[PDB]
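As structure tokens, one chain now follows by itself in the form solved without the named molecule.
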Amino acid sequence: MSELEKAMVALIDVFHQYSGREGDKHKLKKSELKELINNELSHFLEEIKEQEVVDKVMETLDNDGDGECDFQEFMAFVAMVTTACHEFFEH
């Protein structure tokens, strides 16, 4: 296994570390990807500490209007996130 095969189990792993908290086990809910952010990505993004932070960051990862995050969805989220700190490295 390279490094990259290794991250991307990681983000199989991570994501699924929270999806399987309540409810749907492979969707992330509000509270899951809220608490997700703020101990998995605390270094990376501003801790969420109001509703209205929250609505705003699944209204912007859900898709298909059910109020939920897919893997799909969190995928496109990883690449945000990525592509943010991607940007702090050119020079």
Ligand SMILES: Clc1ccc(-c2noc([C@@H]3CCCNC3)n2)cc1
The other form holds:
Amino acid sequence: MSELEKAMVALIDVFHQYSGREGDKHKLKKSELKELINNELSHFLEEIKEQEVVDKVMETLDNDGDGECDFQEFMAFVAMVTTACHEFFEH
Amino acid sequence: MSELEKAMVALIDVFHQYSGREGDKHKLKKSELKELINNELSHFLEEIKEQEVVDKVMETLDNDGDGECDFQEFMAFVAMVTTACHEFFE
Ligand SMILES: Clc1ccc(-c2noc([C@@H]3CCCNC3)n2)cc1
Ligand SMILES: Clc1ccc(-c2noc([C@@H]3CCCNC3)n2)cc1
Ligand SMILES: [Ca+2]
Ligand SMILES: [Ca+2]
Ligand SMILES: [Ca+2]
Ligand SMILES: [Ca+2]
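Now show me the form deposited with the named molecule bound, since the one above was the form solved without the named molecule.
The complete assembly is shown below, putting the previous chain first.
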């Protein structure tokens, strides 16, 4: 696959790694999302060490209001970290 | 670096590859967008060989109507292809 195709497949794969852990296998619960961030974005975001921060990220990301992060809502978080990293550097 | 972190980087890196060819270094014009789809999404989307298709895709992606695809707009594109792929893990 190209460098873009591989990247797209990795987003799918990572969302599935964390979402199939508990309950709804195709949505991220608070605990799943915290592990995803803490394990998989250590060089991009501060580790979450507080409940308040898990709560807040979920509230930001939860657009349909079910209290979970689904794949659409995950791709939106991906855009805002990727944009953050882009915003960061002068290119 | 994690797989996700690498995937995020590759997204910036492929955007920059194609956006820095012609004109505005930061933006994808139609011809840069068409070569990006055709060279880098060959396994996902149909090869573009019709101007009409170049135009429709750009019209679809361009939300500020400056006729180019900037980084935010390329991200919405990424998410829509990824989703039309995810529907395959259905
Ligand atoms: Cl769309 C979006 C989603 C999440 C964030 C976000 N959620 O947390 C943080 C930082 C990372 C490390 C913990 N503190 C805040 N950023 C920003 C935009
Ligand atoms: Cl923003 C965006 C991104 C990708 C598409 C797209 N590229 O191909 C398809 C079709 C429809 C969905 C599933 N089959 C391919 N859709 C449309 C808009
Ligand atoms: Ca789950
Ligand atoms: Ca939700
Ligand atoms: Ca350009
Ligand atoms: Ca634009």
